[PDB]
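Participant: Here's the letter readout for the chains.
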Amino acid sequence: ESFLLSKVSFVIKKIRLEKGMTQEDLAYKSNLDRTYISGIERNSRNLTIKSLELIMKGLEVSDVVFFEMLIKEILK
Amino acid sequence: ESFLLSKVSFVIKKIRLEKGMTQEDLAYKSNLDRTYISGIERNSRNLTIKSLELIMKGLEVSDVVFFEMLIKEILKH
Amino acid sequence: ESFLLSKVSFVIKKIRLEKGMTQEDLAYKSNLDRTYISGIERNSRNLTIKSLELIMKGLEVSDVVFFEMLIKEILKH
Amino acid sequence: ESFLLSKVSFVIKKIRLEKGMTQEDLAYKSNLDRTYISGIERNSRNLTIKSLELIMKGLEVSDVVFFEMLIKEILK
DNA sequence: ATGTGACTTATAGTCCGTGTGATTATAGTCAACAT
DNA sequence: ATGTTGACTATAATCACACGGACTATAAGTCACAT
Numbered sequence: 002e003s004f005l006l007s008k009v010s011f012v013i014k015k016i017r018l019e020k021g022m023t024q025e026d027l028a029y030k031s032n033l034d035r036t037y038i039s040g041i042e043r044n045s046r047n048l049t050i051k052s053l054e055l056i057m058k059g060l061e062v063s064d065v066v067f068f069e070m071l072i073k074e075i076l077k
Numbered sequence: 002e003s004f005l006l007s008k009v010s011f012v013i014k015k016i017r018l019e020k021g022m023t024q025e026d027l028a029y030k031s032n033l034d035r036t037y038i039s040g041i042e043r044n045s046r047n048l049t050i051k052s053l054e055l056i057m058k059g060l061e062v063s064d065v066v067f068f069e070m071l072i073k074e075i076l077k078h
Numbered sequence: 002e003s004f005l006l007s008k009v010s011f012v013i014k015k016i017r018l019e020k021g022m023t024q025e026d027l028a029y030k031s032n033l034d035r036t037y038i039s040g041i042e043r044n045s046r047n048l049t050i051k052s053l054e055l056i057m058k059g060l061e062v063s064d065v066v067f068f069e070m071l072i073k074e075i076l077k078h
Numbered sequence: 002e003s004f005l006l007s008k009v010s011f012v013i014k015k016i017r018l019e020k021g022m023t024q025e026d027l028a029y030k031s032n033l034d035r036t037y038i039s040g041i042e043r044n045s046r047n048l049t050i051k052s053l054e055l056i057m058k059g060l061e062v063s064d065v066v067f068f069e070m071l072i073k074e075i076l077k
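Chains as they are written, first to last, in the deposited numbering: chain D, 2 to 77; chain C, 2 to 78; chain B, 2 to 78; chain A, 2 to 77.
Since the hints were made in silico from the structure, they are not lab data.
A portion of the hints provided could be inaccurate.
What the hints assert, rightly or not - Subject to a maximum C-alpha distance of 27 Å in a straight line, what follows is the list of computed DSS-like cross-link-like pairs (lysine-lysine):
| no. | chain 1 | residue 1 | chain 2 | residue 2 |
| --- | --- | --- | --- | --- |
| 1 | B | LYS20 | A | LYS58 |
| 2 | B | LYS14 | A | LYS15 |
| 3 | A | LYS14 | B | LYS15 |
| 4 | A | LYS14 | A | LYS58 |
| 5 | B | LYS15 | A | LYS30 |
| 6 | C | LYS51 | D | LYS14 |
| 7 | A | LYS14 | B | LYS20 |
| 8 | B | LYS14 | A | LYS14 |
| 9 | A | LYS20 | A | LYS30 |
| 10 | C | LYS51 | D | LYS30 |
| 11 | A | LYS58 | A | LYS20 |
| 12 | D | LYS58 | D | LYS77 |
| 13 | C | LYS15 | D | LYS73 |
| 14 | B | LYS20 | A | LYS30 |
| 15 | A | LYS20 | B | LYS58 |
| 16 | A | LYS20 | B | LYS20 |
| 17 | A | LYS15 | A | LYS73 |
| 18 | D | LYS14 | C | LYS58 |
| 19 | A | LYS15 | B | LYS20 |
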């Protein structure tokens with residue numbers, strides 16, 4: 002697998018938790034499948050930008066805040 | 002179509018020109034098709050994080066500084 | 002246009018496919034642009050003997066062999 | 002220079018002679034410039050196929066006869 | 001007759017990119033059953 | 001609640017090709033002057 006893809010997934014999970022969201026709720030809020038979300042967080046999916054974008058909207062987080070976080074997570 | 006995509010595709014081109022690369026060098030170095038690099042810049046196209054990573058390696062740029070330029074482009078008026 | 006050209010054009014393609022090459026491979030080994038190889042096959046362009054020679058070397062074929070197939074294609078019905 | 006180019010030129014000169022033509026006359030007959038022809042025969046020109054075709058018309062020699070000859074010439 | 005040289009102008013050949021049908025690999029989406 | 005296994009189907013990604021515009025190298029065509 003990929004380093005970036007792992008950090009992306011980790012970040013998605015991180016933000017979901019600091020917001021006290023469940024996966025079920027993250028999937029409802031972004032209209033995607035819960036098993037889809039699950040899959041990403043267990044790093045079994047290689048998402049596209051479009052999908053990533055839907056997940057950010059579901060997390061209620063701006064692109065910028067996401068990447069700010071993704072950068073920080075990337076640096077150990 | 003997608004907000005972030007045209008930002009990603011814009012930044013891939015920006016860097017590519019900054020580094021005085023041509024499309025088909027980058028297509029080689031990124032270990033993706035000739036026409037895919039074109040298609041990404043040309044229209045936008047919906048790439049995969051793995052493909053984006055390949056391109057970053059190809060732009061000879063780090064994940065970090067890519068995303069830093071990504072943020073800057075998003076923030077523009 | 003020109004009689005001999007489209008024949009030369011035809012034979013370059015024929016050989017190229019007989020050898021399972023692609024235009025990309027060919028323009029590769031002929032050290033010409035892939036645009037030019039396309040241009041030749043497409044619209045029978047007016048190449049120079051030197052360029053033809055490069056293409057022969059690219060097709061991994063000899064002067065002789067080429068011209069022998071050239072003669073054949075000219076003679077056909 | 003090129004090997005092929007020299008033998009094309011040699012052939013052009015060979016045929017012009019076997020026929021008894023001057024350069025002046027090969028130029029007239031093919032509607033090309035005499036210095037143009039002189040250049041080719043000293044092999045100071047890299048013809049295009051089109052030009053070669055005009056010289057064949059001037060020599061009154063079919064493509065086939067020209068190439069049959071060029072081949073033979075090519076093999077020392 | 002032929003052979004130079006040198007000087008325009010057409011075009012051969014280069015270089016970077018666009019746009020496209022067809023095929024292959026794979027993400028997108030949604031089942032059934034788990035815990 | 002979340003995890004996992006197959007699935008089906010959309011589409012990401014590949015591969016071979018056509019096509020254009022702009023630029024550079026050089027062949028095409030014509031002088032003058034040799035011999």
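Participant: Look at each hint and say if it fits the structure.
Facilitator: Evaluated hints:
Restraint check for B/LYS20 and A/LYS58: the C-alpha separation of about 33 Å exceeds 27 Å, so the hint is violated. For the given pair, B/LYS14 sits about 31 Å from A/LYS15 by alpha-carbon distance, which is inconsistent with the 27 Å threshold. With a CA separation close to 31 Å, the supplied pair A/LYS14 and B/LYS15 exceeds the 27 Å bound. Restraint check for A/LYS14 and A/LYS58: the C-alpha separation of about 14 Å stays at or below 27 Å, so the hint holds.
Between B/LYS15 and A/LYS30 the CA atoms are separated by roughly 34 Å; this puts the pair beyond 27 Å, and the hint is violated. The hinted pair formed by C/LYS51 and D/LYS14 meets the criterion: a straight-line CA distance of about 19 Å does not exceed 27 Å. Between A/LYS14 and B/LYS20, the direct Cα distance comes to roughly 35 Å. Violation of the 27 Å bound is thereby established for this hinted pair. Restraint check: the Cα-Cα separation between B/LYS14 and A/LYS14 comes to about 31 Å, which exceeds 27 Å; the hinted pair is violated.
Restraint check for A/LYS20 and A/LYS30: the C-alpha separation of about 13 Å stays at or below 27 Å, so the hint holds. Using a Cα cut-off of 27 Å, the hinted pair C/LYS51 and D/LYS30 holds, with the two alpha carbons roughly 25 Å apart. With a C-alpha separation of about 13 Å, the suggested pair A/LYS58 and A/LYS20 falls inside the 27 Å cut-off, and the hint holds. The hinted pair formed by D/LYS58 and D/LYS77 meets the criterion: a straight-line CA distance of about 26 Å does not exceed 27 Å.
Proposed proximity of C/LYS15 and D/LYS73 is supported: the alpha carbons are some 23 Å apart, at most 27 Å. The suggested pairing of B/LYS20 with A/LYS30 is violated, with an alpha-carbon distance near 40 Å, which exceeds 27 Å. With a C-alpha separation of about 33 Å, the suggested pair A/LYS20 and B/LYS58 falls outside the 27 Å cut-off, and the hint is violated. Between A/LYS20 and B/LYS20 the alpha-carbon distance is near 40 Å, which puts this suggested pair outside the 27 Å criterion.
A distance of roughly 12 Å separates the Cα atoms of A/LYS15 and A/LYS73; the hinted pair therefore holds under the 27 Å criterion. Taking the CA atoms of D/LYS14 and C/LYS58, the gap is near 26 Å; set against the 27 Å cutoff, the hint holds. At roughly 35 Å between alpha-carbon atoms, A/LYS15 and B/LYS20 are farther apart than 27 Å, so this suggested pair is violated.
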